[PDB]
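Here the complex is missing a single protein chain, while all its other protein chains stay put.
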Amino acid sequence: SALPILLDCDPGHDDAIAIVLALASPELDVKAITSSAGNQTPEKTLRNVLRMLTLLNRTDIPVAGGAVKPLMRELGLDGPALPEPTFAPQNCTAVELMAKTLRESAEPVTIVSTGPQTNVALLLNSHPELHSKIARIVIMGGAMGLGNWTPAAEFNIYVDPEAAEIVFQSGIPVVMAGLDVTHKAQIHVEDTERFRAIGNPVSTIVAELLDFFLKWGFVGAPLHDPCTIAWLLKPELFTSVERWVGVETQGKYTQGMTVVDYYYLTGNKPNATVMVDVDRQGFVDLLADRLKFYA
Amino acid sequence: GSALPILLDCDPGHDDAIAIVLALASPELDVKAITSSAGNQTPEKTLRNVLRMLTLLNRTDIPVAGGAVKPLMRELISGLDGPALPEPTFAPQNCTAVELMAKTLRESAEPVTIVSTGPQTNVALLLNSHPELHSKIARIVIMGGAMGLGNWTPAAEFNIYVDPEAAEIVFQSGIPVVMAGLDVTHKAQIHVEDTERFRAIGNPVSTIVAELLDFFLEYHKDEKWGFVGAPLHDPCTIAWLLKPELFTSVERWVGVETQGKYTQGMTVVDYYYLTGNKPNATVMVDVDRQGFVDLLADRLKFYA
Amino acid sequence: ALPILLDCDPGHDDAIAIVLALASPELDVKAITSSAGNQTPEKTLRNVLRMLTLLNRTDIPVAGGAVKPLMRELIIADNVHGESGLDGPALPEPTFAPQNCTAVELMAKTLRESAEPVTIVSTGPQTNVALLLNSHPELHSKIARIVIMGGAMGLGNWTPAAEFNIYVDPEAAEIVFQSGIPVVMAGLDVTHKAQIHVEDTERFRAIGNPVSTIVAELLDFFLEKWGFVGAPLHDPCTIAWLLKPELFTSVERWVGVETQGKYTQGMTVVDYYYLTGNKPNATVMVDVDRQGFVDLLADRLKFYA
Partner (left out) sequence: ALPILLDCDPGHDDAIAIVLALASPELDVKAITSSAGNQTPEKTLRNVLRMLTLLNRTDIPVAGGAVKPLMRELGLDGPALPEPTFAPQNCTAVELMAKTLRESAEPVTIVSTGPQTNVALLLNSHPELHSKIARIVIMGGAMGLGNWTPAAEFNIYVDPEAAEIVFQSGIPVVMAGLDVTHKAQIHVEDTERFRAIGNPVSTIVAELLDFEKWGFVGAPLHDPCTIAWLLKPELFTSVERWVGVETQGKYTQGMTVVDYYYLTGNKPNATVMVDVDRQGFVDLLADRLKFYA
C-alpha cells in the first residue's frame, strides 16, 4: 500500500534531510537510493548516501553510484559528526539498480531526483520499455524566475541541461520543485531550534546540518530538496500549475534555464506540474512531526 | 529653451501614440525628431501613424523620417484603431531614420537622449554605423524586455523578440541604457476610472487618448494576465524622463539572448549579481501608479 | 582474435559489413546490437537477426538498442535503403531470438566479462554507444577504441554540412568523440572513394556461393549529382580498416560534432590544419586503395564456399 519510490540525489545537506523525511514516512517505500554528482564528486555523493543510511538504520535499502559527470559537460555534509558507512553499495550502476527496481516492481514507481538529472535521463533513454513502470518524476531543480547559479538558471539544471531536457521531453509526468517554491520553504532560526528541541540523534543532526548552512534577503535558509518528498506526503501544502516547461541547452546567456510557459504563449502541451507556493509553517510542522519517528 | 533634447523612435501603436502626446505636452522636453520603427505594424503604417499624430497635435514642425523595413537579421512580425485621426498634412523628410538621427546628433551642441519604444532596429543601425557620434548620445531609454515572464514567448517581450540582435547591440554599446520592461509597464495600468478621468478633461486630444485606451481594452483585455486595467507601456519612458521619482529602478547587467532554442529575445537581468558583468542598464522595477495617472491627466491639460 | 562489439542499423552496407566480419577469423564478433537510423528499431533488429540466420551464426548474441536519438526524433534513411532495410535479395526469416535485454546491457555484459579490451564498431547513429559510455564509466578501460562509420570532413550527404549517421544523433556522436576513448572515423572522405563498380559487383556474383550472391544482389539494389563511377560502400570500411589498415591513409586530428548550429547540426568539424588548441581525439580515414578494398571483400567472400 505504501508508494514505491526511487530516490536519486547528491547529498548535500538538503538531500540528506530529504532522505530523513522519506524514511520517517511509512506512506513511502523507498526502493533504492542512487547518487548523482553535482553538489560534490560522485565518490562523495555515494559516500554521503551510505553515511545517511547508516545513521538512519536502513542499510537494507539498496544503494548504487551513478554517472560520474553530466551527459555532455564537465562536472558535502559538513557540520554534524556522521557515522562511517557500515555497508556497501550494490555492485552495479545507478541506472542498473533503477532498471532492476522497475522491472521487478508490480506497480509503477515514483522517481524523485534532487541532484542533476543525469542518471534519470540515462534510464529514460536506455530503457524505453520501462517507461510504463514510471508513475512520475518529481524533481528539485529549475526556476520560473531568476536562477541561483547564473542569472537565468538554477544549479541542478545548469550542471546538466541536456539530461533535464531529456526528462521534461520524455512523455513521463514531471513534477518540479524549482526555486519559486523552494525559496519560500525557508527554515527560520526558531524552526531550527524547534527541530533541535525534539531530542533525538537524528533531529539533532538535522538541526546541526541546518546550523552549518547559516543578496537574496531570505529571512531564514531555503530547504530545497525536502519539498519533493513533502509534496508526495502532503500535496495540499503546495500550490502548483500544470504548464509546459522547456530546458535551454543552446543559449549564449541562458543555458540551463527552465522556460515555463506560464501564460500559454506557446503551442506546447503541458508536460509538468510546477510548484509555485507552499504553506511554509505547514512544511516546518511536517518536518518537525516526522522527526518524532526517530524517538 | 534649455529643455532636454530628445530623439523619439517608435512604432505607433496606441501606446507609442500616447507617449508622443505626453512628450509634446512637456516643455521640459525638446523633441528633435520622431522616426518610425516596424514591429507593431508594417513600416508604411508606423510612419503614417507618426505623421497623423503630429498632424493631430499641431507639431508638423518636428522632422519625421521612416526607418528600417525589417529586423537586422530576421523577418518582420491602421495600428491606431478606435478614434478618428486626421490624415497627414505634411511629409516626412527625404531621408532614413538613421540619417535624421545622425543629422540631429551632429548638429546638436549637447548630448541627445534617445527614446526608442519599438524594436531597437534603427537605434542599433545608428550605433553601428556612427561610432563617432556615441559621444552625442546621453543615454537610450527603451520600452522593452522583461526581467520576469515575457508577453510574446514565455521568456521574451515583443519589442526585443522582434529584433534581439538590435537590442543586444544597444545593450552592449557602452551607452547608458534605461529599460522600461514588463516588470514596470505591467504595473502602470490604466483602470476604467482613469480612462474616464482622461475623457472628462474635455479637449480633442484627451478624447483621442481616452478612445485609444477604449479600443485597446475592448479588443485586447488580457484574460490570462489578470490585469485590473490595461498596461500603458510606452509612456513610461517619457514619464521616467519627466518624473523619475515616480519610479524605482536598479542598476544591473542586462544581456539579450540571440541564440537560445527556447529563449530568443529574453532580457537576462543579473539581479543578484551572479555574473562577472559590469552593469550596463537602469532597469525600472516599480512605479507609483496613481502618480503616473496624475502625470498623464495634468499633461493632457496642455491641449486645452 | 580481436574481440569486437558490432553496433549497426542494417541497411545494406551494415549487412555487407557483418558478412565481412564473420568471414574474418582475425575477428571475434562478441555481439551485434542494433541502432535505429537507416530504419525503425524493429526493422534494424530484425535485419541483424536475418543476416546471422543467413550466415549460420545464431550463436552470436543480439540485442535491440535505443528506439530514438538521445534528444531528437528519429528520422530514417527510408527510400535510399527501401522498405525492409535490406531490399533486393531473398533473405531467411530469423530462426533465433535476440537476448532478453537492451543493446547497452549486452555491451556492458560483454565488456565486464572480457579479459582484454574490446573494440566497438558502430556503423549507425552513435546513440547506443553514447549511452554505454555515459552509463558505464567504470568500463571505459575495457574499450580499446571505437571505430565508426559517420561524418565528413568535406560536404555531407544528408544536409550540406552533415552526414546522416551523425546528423540523426549529433549529441551521441559528440559524446563518443569527447569520451577520451580513441576514435577511428570512416567518414564520407574515405567511403566515397570506396566505390564498387559494376565490374566489381559482377566479380562478387561470380564467386558462386549463396552469400556472395546476396552481397551482389544487395549492391544491385544500391543502383547522379555526386558523379560516382559506382556505388560507395560505407560500413565495410570500418571492418576493412581493422583487417588491413595498410589499405587506408589516415590522419590523427581533433574532431568536434556540431550540436547547436542553425545550418550545421551534425557536422563533424575536423581540425585538419591544426588551427584550434585542441588535442587530437580521432584517427580520420582520408583515402583507400579501392582495388585492394575490393580484393579484400572478394577474398573473404570465399569463406562461404
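Read from first to last, the chains carry the letters A, B and C; within each, the first residue is number 1.
The rule we apply is simple: a contact is a pair of C-beta atoms (placed from the backbone, for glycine too) under 8 Å apart; a residue touches a chain by one contact, two chains touch by 3 or more.
Participant: What are the shown chains in contact with the chain that isn't displayed?
Facilitator: Per the touch rule above, the missing chain touches B, C.
Participant: Thinking of the whole complex, not just what is shown, which of B:30, B:165, B:286 or B:288 touches the missing chain?
Facilitator: B:165
Participant: Give the residue, chosen from C:161, C:242 or C:301, that touches the chain omitted from the document.
Facilitator: C:161
Participant: Among A:54, A:250 or A:268, choose the residue that contacts the chain missing from this document, as touch is defined above.
Facilitator: Of the listed residues, the one touching the omitted chain is A:250.
Participant: Of B:60, B:259 or B:277, which residue touches the hidden chain?
Facilitator: Considering the complete complex, B:259 is the one touching the chain left out.
Participant: Which candidate, C:139, C:216 or C:270, sits in contact with the chain we can't see?
Facilitator: C:270
Participant: Need a quick check: the contact residues on chain C for the chain that isn't drawn.
Facilitator: Its contact residues with the unshown chain are 153-161, 225-226, 256-264, 267, 269-276.
Participant: If you put the missing chain back, which residues of chain B would it touch?
Facilitator: 68-70, 72-73, 96, 98, 121, 125, 128-132, 165, 168-169, 172, 258-259
Rule of thumb we're sticking to: only the chains that are shown with their structure count from here on.
Participant: Taking the mean of each chain's Cα atoms, which chain ends up nearest the overall Cα mean?
Facilitator: That would be A.
Participant: List the centre-to-centre spacing of chain B and chain C in whole Å, with centres computed as mean CA coordinates.
Facilitator: That gives a centre separation of 58 Å.
Participant: Taking the mean of the C-alpha atoms as each chain's centre, how many Å separate chain A from chain B?
Facilitator: About 44 Å, centre to centre.
Participant: When you check chain B against every other chain, which residues touch at least two of them?
Facilitator: In chain B, 259 touch at least two other chains.
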